[PDB]
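Spelled out from the first residue to the last, the chains are:
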Amino acid sequence: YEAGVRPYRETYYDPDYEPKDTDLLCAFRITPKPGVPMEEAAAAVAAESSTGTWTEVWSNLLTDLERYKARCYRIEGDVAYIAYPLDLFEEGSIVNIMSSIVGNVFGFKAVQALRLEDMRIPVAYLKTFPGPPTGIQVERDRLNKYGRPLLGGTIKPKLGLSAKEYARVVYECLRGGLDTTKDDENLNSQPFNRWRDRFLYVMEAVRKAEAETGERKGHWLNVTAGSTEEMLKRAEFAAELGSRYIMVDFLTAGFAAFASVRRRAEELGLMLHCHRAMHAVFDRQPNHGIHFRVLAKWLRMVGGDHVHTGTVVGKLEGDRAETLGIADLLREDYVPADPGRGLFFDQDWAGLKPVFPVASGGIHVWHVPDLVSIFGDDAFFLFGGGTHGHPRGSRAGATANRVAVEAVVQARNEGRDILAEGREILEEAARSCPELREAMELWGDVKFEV
Amino acid sequence: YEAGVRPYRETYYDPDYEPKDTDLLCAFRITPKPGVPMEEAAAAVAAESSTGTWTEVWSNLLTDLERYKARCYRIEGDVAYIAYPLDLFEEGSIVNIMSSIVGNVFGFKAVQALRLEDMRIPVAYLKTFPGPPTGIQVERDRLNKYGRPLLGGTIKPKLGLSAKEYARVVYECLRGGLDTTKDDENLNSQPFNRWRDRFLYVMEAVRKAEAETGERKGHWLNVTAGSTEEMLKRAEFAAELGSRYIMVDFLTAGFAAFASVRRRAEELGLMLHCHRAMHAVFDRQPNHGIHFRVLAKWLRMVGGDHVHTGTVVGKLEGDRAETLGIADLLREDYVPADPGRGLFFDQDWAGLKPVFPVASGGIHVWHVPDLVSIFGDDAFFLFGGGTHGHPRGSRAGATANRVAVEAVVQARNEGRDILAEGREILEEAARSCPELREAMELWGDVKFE
Amino acid sequence: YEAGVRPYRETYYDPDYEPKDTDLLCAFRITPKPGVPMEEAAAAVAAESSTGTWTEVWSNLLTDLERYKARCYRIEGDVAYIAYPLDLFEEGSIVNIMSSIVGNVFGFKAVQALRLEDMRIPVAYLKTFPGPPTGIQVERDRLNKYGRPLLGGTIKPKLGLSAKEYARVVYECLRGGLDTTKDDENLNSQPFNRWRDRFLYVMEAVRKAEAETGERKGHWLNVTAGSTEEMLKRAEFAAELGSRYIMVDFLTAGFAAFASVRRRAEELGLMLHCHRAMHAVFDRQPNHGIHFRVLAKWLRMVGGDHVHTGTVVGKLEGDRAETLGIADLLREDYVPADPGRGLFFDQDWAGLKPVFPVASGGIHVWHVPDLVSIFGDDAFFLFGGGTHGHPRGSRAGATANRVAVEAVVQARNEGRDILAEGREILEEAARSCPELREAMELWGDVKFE
Ligand SMILES: O=C(O)[C@@](O)(COP(=O)(O)O)[C@H](O)[C@H](O)COP(=O)(O)O
Ligand SMILES: O=C(O)[C@@](O)(COP(=O)(O)O)[C@H](O)[C@H](O)COP(=O)(O)O
Ligand SMILES: O=C(O)[C@@](O)(COP(=O)(O)O)[C@H](O)[C@H](O)COP(=O)(O)O
Ligand SMILES: [Mg+2]
Ligand SMILES: [Mg+2]
Ligand SMILES: [Mg+2]
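In order, the protein sequence lines correspond to chains B, E and H. PDB author numbering numbers the first residue of the first sequence as 6 and each following residue consecutively. PDB author numbering numbers the first residue of the second sequence as 6 and each following residue consecutively. PDB author numbering numbers the first residue of the third sequence as 6 and each following residue consecutively.
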């Protein structure tokens, strides 16, 4: 035992280490404090996230740190790779991954900025998580919808509508052609709209709309609440009414209470829509935070049936190539590394079920050619403002978005180029769908930069 | 119904609105997309965090948005003040606040960067929250420790120690002078140290140091787990073992599960230490994210007996002026606005109990003067590497830290200037404390900017 | 789809397949029906224990059997190696392992005799099991006994003693040196000895001997019973009586109820002793059955704190080399393959706790040199008859055994060869121990091949 401060890089930087198939790997993009070498910055991350602290302790000899310590085994410019033994992590606890990988190391003076770019979840650890409760293939059997993207839309205004007027919009939306509707992430239970009331009005509207159109419907009822018990209570009520769905804000509620809801959802036979509220607070800026592809893996492991992935072309920021990767990370059984899409590691999913990507935010009919091209069939397209903002109301807007999606799908199956002939495909449909014509006319000049 | 895309400013920018005592106020620091004027950007965050979306909708006429919409009532350079009516929020739900205020507005193409600097929790809303379960005064009475900062320390290595060897460190720590010790934030239940074993071994050590020193002791037993149900199971076991505390990572576990644990800790009589793991993931950079003072207000509203606030002088980043303001926001009944410390609003706490600030990370004896100067008596100082890193082990290092604290409080009470005579005071105690001398020699050249 | 019976070898024998680190591997010894070639017989076992049946089915095309079928990838004489993909199994179910591997493949007219020799449990599957609740090291801490084999003994007669007289024997065994005692495997709750009476009488005998000797003591109360709820009910009662241990016949009770009891034992703080009654019904003959080492692996996966391993030199059959390999499987973190000890695969235990080997059956003082040399310190030695059969009763027989173990352990630590000087070491101790001298004379001609 030699007591004193020694640089982190003397025990937590091993550029000869060969990662094991059981190790959990991370890809950090580091911005050292000027004068702190990259090696010392990566080693301090590897140390203060695993087993080390700022000085040598006697207790380090009471154990075998050669077996448990994390190691930075590679450095490519400002990107550090760190390998974590399997025995460091509690089984089936995303809460434990985060408490190690992103617990304290983002606030060290020596590291001025840090972003977790990607994480390789090893198979032996993945077998400790249940994955989504339903999945794409089962859910498509419960909805009896095959061969196209699924249509949805958030009810607007976000807040302010009574429970009755709320379900009146839902009803106009569903009967008009939308497969589903949802509560806004910030609509939980408020003086103007209490949850029990909204749950009772909405299911009436959901049943009524299903009965008239003959197509199965659903409304993503938001059980997000200030406690675990309250969310489980609201999920219990949603099932007693026959809802196929509930909705949770998995980041604002938190991964501990998210897991609790996910387990109850399966027990109740509910499908679990997942809203990524708060993700932009730490997955937006390239120099600091946690990329969303890491949050998506965590979401699939815990088990969400859908999760928002972005629109690229809409009102919220989303890089295309990155989104194309995140979609495969959510849907595929094995995703190989692809620097072109930001995938730093291969990702074997060990048989877990796939998650529905959801494309929401400031989209309309003109975006459907791009949206079908980006996501394919296995995804939801949500038109909130693009539905209720139609000159003639929500039912007229729902019809327009449904005909637009089905028109673009049919064109692709026929072999047409939906990106070149997108306008022509939409204009053809408009010549027999006044709802679509009016929709196109209104939002013909509404574009966001990509 | 006039359909079409309208600017967010036409309805969500009202520079004449007088904020109400019942409104929830937010101070946002905005970096608009070039070409997007400031007023519009501020209006986009107001609209999309309350009632509005990207285009007009007929259903806007089915409610009275004049009563419910959020409004940017003031702009000062790149700082936008936005008022939210009281009816917008669910009673007693931090999760709801976060789902509005920070839900989607941080990811809009029009607002390149956005940081929430401060939030005014109106009293009528604060009355829907319970506050800490124990508080400072009751805690100190349960511990029978008065007149000084309280000593603590995280057991090291963070991970790897068997239950047996881990509690032996604990025993040496509490025996040597520490009041408390704690499970590292990332120590939950792992193959090398399962939570049931650790709880049993550790509490034996606790009861054994308490009996040998005569002083009441405690260990912060981390119940953080992958699910709520599991955290409540472990909080139950800790209570059955006569532990005075439990510990939880409230940000990684999350605010919904955190509320579940806080409620059970009171029912069980446990005091609740809270670790802010994950905070620097969105409170570090000054142009984007959420300042920690806001996270500290929410913490106090749900009910944490302590929370980490940083050290200023330690290894982790933390600003002195700001940190002073976060200490008051945690301990005082009322805090007036203070641009120098980053307090954008007056904050009445409506009779909620205070929270213990905790200063931990990369600190040693040479920091004790500054620390006592910054926080005073009502605060914990945790020495992890500064206790186990001593030349003679945890026992000796814990005596050096306990002695350094009591020597700086004694001098402070005698009228000395514990900053000007910081070195002298410590050297006087070292005359009577060989442990302290070794601790000062070892880390004499270890500083942080 | 070509309907019809096709040989198993066409789709279930792939000698070019390279096993993966996630596959589950099996070493079968096969005795084909005369005329059935080894490849076909091996393919049968692989097929009928994974995906196939006696004829082609149209439903084979509704899935990718290339992804889920088992494959006999290697044959070495009469030994077939079969790899099973990881998806075929249910996470955390030994029951599911047995339903597949040993469910129907042992009764086929095509395979006259089939013996499972060994099984490679992949790390990715081991991480779905908890392992032992307590483990060797935590168990020694609870007893505060270190650095020697631990003494035990089965109360005799197996059946017939009243709860009173039963606990009288227990007291005379614990007071006289033995660290523990145990119910017999077939002693559950009977008209002559109901379980509640025995539980109350015995704990009085445990507490009384712990106070007269100053050493911690324990008794292995058999909770085995006709249903899972009855076993759990008896465990709860054992824990309310302050017992450190319960006992369960994990093979006769079954792996499903075993897992139920094991989960409740940890929840109740109970150390779990596991008797392997019925093992010899299907691990004795070398041409048919399941070798015990496979059962030992499952035991440690579910979670036993001890399990019997045989004595080698006692009254029950047991091979020395194989037993040595079984001990390593029960105690070590990684066991490399070793054809000398019948270990067909490397076994990585992925951090699970170790299991105490237990040597019982027809052993007396003269066997202590061999037993120590075979097992080392981490092991229980059980002397049922070897204790009560002492010329002067149980108290005297317990002392004679406790001294023989401690006198052989002291000699080994001093450097002596406890095998060459086994007789001498015991006679030297018998000088200061009459009880040991009397036992050595009594059984001086009792030997088992
Ligand atoms: O709050 C909103 O703006 C929405 O209701 C969209 O409204 P419109 O449908 O009227 O645009 C969705 O929550 C966002 O799209 C979420 O963004 P992400 O999916 O990127 O989390
Ligand atoms: O993980 C660590 O580094 C610590 O155990 C400190 O150990 P030393 O005291 O031995 O450095 C604490 O968790 C940090 O201080 C928390 O940071 P904050 O105080 O910002 O929450
Ligand atoms: O029933 C018996 O014979 C015993 O009580 C031994 O009595 P003694 O101590 O009087 O011999 C044990 O259960 C057997 O040794 C078990 O066999 P195994 O060890 O093979 O499981
Ligand atoms: Mg929304
Ligand atoms: Mg820590
Ligand atoms: Mg027996």
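Each hint should be verified, as a subset may be incorrect.
Computed list of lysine to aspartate or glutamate pairs in DMTMM-like fashion (alpha-carbon distance at most 20 Å, straight line) [as the list claims (entries may be wrong)]: (1) B/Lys114 with B/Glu45; (2) E/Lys238 with B/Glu327; (3) B/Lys358 with H/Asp375; (4) B/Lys169 with B/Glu122; (5) E/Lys114 with E/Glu44; (6) B/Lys114 with E/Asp382; (7) E/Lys38 with B/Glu96; (8) E/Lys114 with B/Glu215; (9) B/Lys358 with H/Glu337; (10) B/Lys114 with E/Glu454; (11) E/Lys150 with E/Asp382; (12) B/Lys358 with H/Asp69; (13) E/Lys169 with H/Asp92; (14) H/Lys452 with H/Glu337; (15) E/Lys238 with B/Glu96; (16) B/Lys25 with H/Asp69; (17) B/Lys114 with E/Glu44; (18) E/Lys38 with B/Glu234.
Just so you know, the hints here were simulated from the structure itself, not pulled from any lab data.
- Query: Taking each numbered hint in turn, which are not upheld by the structure, reported in ascending numerical order?
  - Reply: The structure conflicts with hints 2, 3, 4, 6, 7, 8, 9, 13, 14, 16, 17 and 18, although it agrees with all the remaining ones.
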